[PDB]
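Chain by chain, the residues run as shown.
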Amino acid sequence: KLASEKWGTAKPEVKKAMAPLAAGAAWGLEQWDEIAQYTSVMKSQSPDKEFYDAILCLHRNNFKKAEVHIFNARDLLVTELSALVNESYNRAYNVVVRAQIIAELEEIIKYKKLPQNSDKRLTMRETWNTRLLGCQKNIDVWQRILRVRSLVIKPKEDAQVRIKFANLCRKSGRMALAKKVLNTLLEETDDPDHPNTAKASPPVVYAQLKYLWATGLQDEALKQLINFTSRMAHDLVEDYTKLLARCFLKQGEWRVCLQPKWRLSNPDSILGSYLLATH
Amino acid sequence: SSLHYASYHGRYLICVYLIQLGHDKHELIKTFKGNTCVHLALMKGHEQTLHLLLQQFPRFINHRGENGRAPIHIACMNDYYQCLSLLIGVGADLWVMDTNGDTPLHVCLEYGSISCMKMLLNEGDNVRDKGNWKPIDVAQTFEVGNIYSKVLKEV
Amino acid sequence: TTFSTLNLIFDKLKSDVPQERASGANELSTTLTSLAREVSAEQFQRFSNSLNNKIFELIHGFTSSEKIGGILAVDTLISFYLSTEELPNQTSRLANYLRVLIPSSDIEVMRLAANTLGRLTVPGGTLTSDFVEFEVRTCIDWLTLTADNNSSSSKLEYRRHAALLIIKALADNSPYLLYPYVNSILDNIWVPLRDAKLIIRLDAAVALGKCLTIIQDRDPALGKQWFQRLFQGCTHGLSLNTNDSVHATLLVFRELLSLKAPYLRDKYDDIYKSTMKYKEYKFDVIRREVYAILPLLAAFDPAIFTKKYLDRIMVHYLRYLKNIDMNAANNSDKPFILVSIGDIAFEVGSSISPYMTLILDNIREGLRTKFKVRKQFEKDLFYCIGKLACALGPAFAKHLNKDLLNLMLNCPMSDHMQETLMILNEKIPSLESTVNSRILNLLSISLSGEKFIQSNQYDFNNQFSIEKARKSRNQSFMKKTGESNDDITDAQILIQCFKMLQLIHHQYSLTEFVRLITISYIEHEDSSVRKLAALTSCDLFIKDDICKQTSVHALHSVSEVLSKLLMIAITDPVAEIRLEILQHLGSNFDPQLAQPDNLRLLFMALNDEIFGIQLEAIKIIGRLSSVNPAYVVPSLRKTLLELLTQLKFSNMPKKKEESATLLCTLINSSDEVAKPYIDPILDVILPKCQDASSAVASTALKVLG
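Going down the list, the sequences are from chains S, D and Z. Throughout the first sequence, residue numbering follows the entry's author numbering, covering 1450 to 1685, 1708 to 1750 in sequence. Throughout the second sequence, residue numbering follows the entry's author numbering, covering 42 to 165, 171 to 201 in sequence. Throughout the third sequence, residue numbering follows the entry's author numbering, covering 79, 81 to 784 in sequence.
These are calculated hints, taken from the structure and not from any lab test. Check each hint, because a few of them may be wrong.
Pairs of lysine-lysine, DSBU-like flavour, derived with a Cα cap of 30 Å [what the hints assert, rightly or not]:
#1 Z:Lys-477 - D:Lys-196
#2 Z:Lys-767 - S:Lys-1562
#3 D:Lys-74 - S:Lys-1514
All chains should be modelled from the sequences, with the hints used to inform the complete structure.
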C-alpha cells in the first residue's frame, strides 16, 4: 500500500530509503514481480541489486539473467569481510555469513534447473535441505529461506522443515508464531478446520494446538486432545510418530489444565487420562 | 518435452492432455529463445491451439524472450491464425516493439506486407526504429510500397 | 636426446630461409625443458642464448633467420623463460642485441632493436641501460656512422620505434617519463629528415603527440612543442621541397595535430590553407598524405567544407590517373578517397550531397571497366568509403549495388564477398544478401534433381588455374550462415561438391559443410535418401587421417555433431563400435587419443558393453597410475584425458576396481604438480556414488589436511 507512498517519497537518495521494505517486498510481498520496476526505483548499481538480478533466471529459463552473478557474487563478498574474517568471532558468523550464503547457493535452485527428474534429486535436495541444517539451527531461517525455499514449491514441498521453523517462530516472539500461522495454519493446502481434509497433519494441528496456549484456549484443546482420545486414538506411515507429539499431550496439554489441581486427591482420575501421559 | 512438444502438434486434446500433467502455462520451459506458450503454438502458427491456450493460459505482463519481440513479432513470424482478433481479445499492450525500440510495423514494413497494413490498419509515421526511422521514412527504407502507399493511405 | 643437436638445427643458417626450422626443431626445444628462467641448469636453451646467439651478433642471416631465431632466442627468454627482467635479459639482450647494432643487416632494427622494443622489462635502469645507451647509438644514429653501417638508418629511425615501445609502453608504465619531450624534437624531427627512413622518423614523433599526452601535458608541453608543430610546419618556408626531402615531415605534425596538441582548431586555418597547396601544388605520393592526415581528425564541423572541397577540387581536376607515381599505374583504390574515407568516416548517409559519393560512382562503373586490364578487380577503398551509407531508402542505395554485383564476378576475382558482408547486415531490406548468395559462382545454382558431377563448369574471361578458382570460388560457399538453401540442390549439389571439394584436398571448403550442415540441417527428420548417408558422410572421418593435422579439423567435427549424435547412431551401431575403436585407435593430434570427444563418447548410453569396452580401458591405466615409472612422456596426461573422461563417464564404481583405483589416485596425491589432484575430484563427481565416502571421511580429511 506504501508502493505509491514508497515512490511518492522518491527522488536518488530516498531510493536508498526504499531499501531494507522492498529489497524482504521486491521477493517479500509472495511475488517477485514490485523486482520489475524495483531493481532498476532504487540499485543496476549494488552487491545487494546484483545478486537480485540473478533471480529472474529462476522465476524464467535464461540462465544469464544467474550467470557474471556467480563470479559478481564470488568476488560483491572474498572481499567484504578479507580482514578479521573467525567462527566464534561474533561479527562473522551472522551477516557477512549470510552474504556468503548468497555465493554457494548459485549452483545449489540451479539443480531443481539442472538435474531432472526421477534420481537422488529429492533425497539430494532432503540432503541440500539435512546437510543445510549444518552450521547449527536458528533465527533468520526465514532473509534466507524467505527467498531460498522458493526452490520450486513452498509447507507442501519438506510443513516439517517448517513448522519446526514455526516452532522457531512458536518459540520466538508471536512477530517472528502468528503471522506465520496466519498462512501456515493455511497449511498451504487445507471448514473451521474440518474434524477430518488439517487428519492431514496432527504435527499442523500441534502447530495449532501448542498455539491454541498462545490463543488462553485450554477448553478447545483439551476438545482437540479429546478429538485426538476418542476419534486419532481410534484412527486404533505420520501412524508411528502419532505415540511420540500423543501421550505427550496427556502431559505437554494436560499440564496447565492440572494447574488448580496438582496435589493429593485434586490428579485422581487425571491419574490416567497420567497413566498412558507416561507408563 | 515429457511438455513443450505438442506446441510444435498444435494438439490443442494433446495440450487437454499434458491438463492432467497443470507443467506451467506460458511452456514451464519458457524454450532460451523465449518460445513461451504462444511464443513457441504463434511462432508455429497454431489459432486452434495462440483458443484453448487464451482459455488452459490467460497469464500476467508476459516477454522479451531474449528476442526483444513479446510474441505479439513471433506471431507475424508464422502469421498466427486470428492473432489480429486474439491480441485484441487479450490487451496486446499494443507497444510492444522489436529490438530497435520501432514497433513491429516499422518489422513488417522494412516486410511491406500489404499482410501483416491490411489486420494492421484494422488495429489503428506516428512507429520509430533505433535512430528514429518512421514506419512512412524503415518503408521508403526498403522501398516497401504495398505498405507505404496501404502508411498515402494513413497519412 | 641432448634440445641441442634441436637448438643447433634456428645457433647458426643451417639454408636460404630458416625461421621455419626455428619455430618447429625455439618451439620444439623450449616447450620440452617445460622450464622457465628457473631450469643456470638451462646452461645446457641457453648457452647453445649466449654462444644461440652470437653465431643472431655475427651472421644475423642475410634473410633474418638468425633474427626471427633472434627475436622464436631471447621470445623464449622474455616470457616463456619466466626472473628474467634484470639479471640475464638486461645483461644478454644488451649483450646480443646491442653489441648484433652500431650495424644492422636486413632490418635488425625491427628484429633485435625492435624485439629492444617489446621486452617491457624497469623503465629507468631501459629513461641508463638499453634511454642513456639508446641516446648514443638514436643520437650518433639520427645522422650513419660507418658508410655495412650505411643499416644504422635503418637502426635510427625502428630503434629511435622501438627506448619511442619502451617512450611508450615503459617510459605508459610511467606516463610522465621526461624523453626530453620538447627539446630534442626541434632532432629527431632535423638531423632522418633528409631522405633516409623518411617514413620511420615519424613513428618516434608519432610516439614522442601520443607519448607526450599519455607525459594530458597537452597545453604547456605540446605548446613548447608547437614550433619545432607550427620547424616541421614551417619546414616547407624554413629547407623549399627539393632540398631536405620534405614529404614525411610536412606526416607527423600532418598526423600528433589531428590527435592532440592544442593546435588543430588553430591550424585549419594555418597549415591546411600550408598543404591544400602542397597536395595540389608537386603532386607527391608523401604531400596525398601531408594532406590525407590533417583533415581526417580536423573532422568536427568547424574544420568549413574550403576540408571537403579540395579533396574534391584533387578528385576532379588532377586526373583520376593520379594514383601519380605516373599518369596509367594499376587501376586501384584511387589515392582522394585515400585521404576522404576517415574524413564522409564520420557523417550519416541521407544528410554532403549524395552527389559527393556519385562523382565517385562514375569513376566506379568507370573503375568497374578500369581494372579490366589490371588486377581483373580492385574496387578496397570503395567498400572504406562505403561505410560512410546504407541513404535515400533504396532510391539510389536499389542501384548503388546491380552494378557492384557485376564487379566481383566476371574475370578471376573474390576476396570483396571479405570486406561487400558487413553492409549486407546493416540493411533493413535484406533484398541482395539473400541475390549474391543464387550466383554461388560456378555451375552450382538452385533448382535441382539430376546432373549436379561436373564442377568443371569453369567461367573463362581470364580463362584459370582452378586453385586461386579453388579457395576464389569457396571463399561464396565460406562466408555463409546456414540461411536457407535445399538439401537435393547446400547438404546434394554439395554432398556432390563437399566430398571431393574438401579431397582433393584439405578440409578450403569442408570448414563450411559439417559446420553449415548441422547449422543448416538435422532436423532433417524420414530421408532414407540421409540416414545411412549421413552415416556415407560421417563413415570421410574414419580416415580424417588424410592429413594427421586436419584430423584436428575430426577433432574440432569432434568438438563440433555433438548435438545432429544419437538419432544418427541407433541405426549405426556396429559402424560405432567401429567409429567408437576409432576414440578407443585415435584422435591421433592432445598428447595421444581419447580426449576431444571425451564427453561426446559417453552419450551413447542405452546401448552396449560403451559400460565395458570403457571398463577394461579404465584398469588395460591403475597399472600404467603413472607416476606404476613405467609414463615416460605423455601416459600421465592419457592418466589423468583418462580419468578426465571418467568425470564425464558419469556411472559405475567395478566397488571392490572404484576403491582400488582410488587406492592409487592416494599414493598419487604425492609428488609432481597441479596432475594427481585433477585425477580425485575426477572420480568424486561420481562422491564415493554410495551416502558417504565409506572410510575415503578421513583418508579425505589427512589429504585435506
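Hint check:
1. Distance hint between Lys-477 (chain Z) and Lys-196 (chain D) is fulfilled; the C-alpha atoms sit about 21 Å from each other, no more than 30 Å.
2. A distance of roughly 24 Å separates the Cα atoms of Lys-767 (chain Z) and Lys-1562 (chain S); the hinted pair therefore holds under the 30 Å criterion.
3. Restraint check for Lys-74 (chain D) and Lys-1514 (chain S): the C-alpha separation of about 13 Å stays at or below 30 Å, so the hint holds.
Taken one by one, the earlier hints all hold for this structure without exception.
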